[PDB]
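> What follows is each chain in one-letter form.
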Amino acid sequence: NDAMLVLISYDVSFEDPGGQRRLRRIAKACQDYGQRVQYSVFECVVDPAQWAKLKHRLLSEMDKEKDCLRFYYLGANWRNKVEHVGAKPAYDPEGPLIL
Amino acid sequence: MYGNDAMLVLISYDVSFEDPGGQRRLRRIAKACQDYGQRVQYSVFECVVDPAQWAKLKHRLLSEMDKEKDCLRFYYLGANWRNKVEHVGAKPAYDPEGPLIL
Ligand SMILES: [Cl-]
Ligand code: NA
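In the order they appear, the protein sequences are chains A and B.
Throughout the first sequence, residue numbering follows our numbering, covering 936 to 1034 in sequence.
Throughout the second sequence, residue numbering follows our numbering, covering 454 to 555 in sequence.
Excised from the complex, chain A in its bound form:
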């Protein structure tokens, strides 16, 4: 199916030992699908098969009692629904602002 963008907000206490480990694992899982717009906010462009696989990984890595994941479904036309103002994102500043 058509690729869509999911914006993933991972609310984790990263300065805590476990939180740091879980964030690293979640960041690694998300990395090649898009870009890291904050330390724990990820954009992932995914078709249906990719998203089913990815979502399962993320839910497995998080601690459901301590952390929370929020998914924002921007759809296939995410480009028409995202706006960037200001400095380039710290991560991959050479890439496009919008995926």
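Mixed in with the good hints there might be a few duds.
Label pairs and their in silico Cβ distance ranges [claimed, not checked]:
#1 A:936 <-> B:532: 15 to 25 Å
#2 B:495 <-> A:966: 32 to 42 Å
#3 A:960 <-> B:513: 33 to 43 Å
Please keep in mind that the hints were generated in silico from the structure rather than gathered at the bench.
Yeah, the Cβ is synthetic: ideal placement off N, Cα and C, and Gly gets one too.
Given the coordinates of chain A, assemble chain B with the ligands onto it according to the supplied hints.
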């Protein structure tokens, strides 16, 4: 409640803590956003706003940010944001009582 023309904007404020200004700007931006929704991360905000409200809020946010040091990204979830947001796990620390989704 909200009007039928209300929509959700998810605001990611990638703010620089290189100097004390960052925390100040974040405090101002958080305050501007607080009236319209909830704070889902330290610098990620949800705001439910109609067109006129958004025009005013957006202008305020752009004026408070430092455009050289910081970045603001706006994600326009539309009038049907409720069908496009999913929460898993613990309640948000800011406004832990309220609904998970506005
Ligand atoms: Cl922290
Ligand atoms: Na960390």
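> Next step is simple, just say for each hint if it's right about the structure.
Now for the hints, and whether the structure bears them out:
1. A:936 <-> B:532: 15 to 25 Å: 24 Å, holds
2. B:495 <-> A:966: 32 to 42 Å: About 22 Å separates the Cβ atoms of residue 495 of chain B and residue 966 of chain A, which means 32 to 42 Å is violated.
3. A:960 <-> B:513: 33 to 43 Å: About 37 Å separates the Cβ atoms of residue 960 of chain A and residue 513 of chain B, which means 33 to 43 Å holds.
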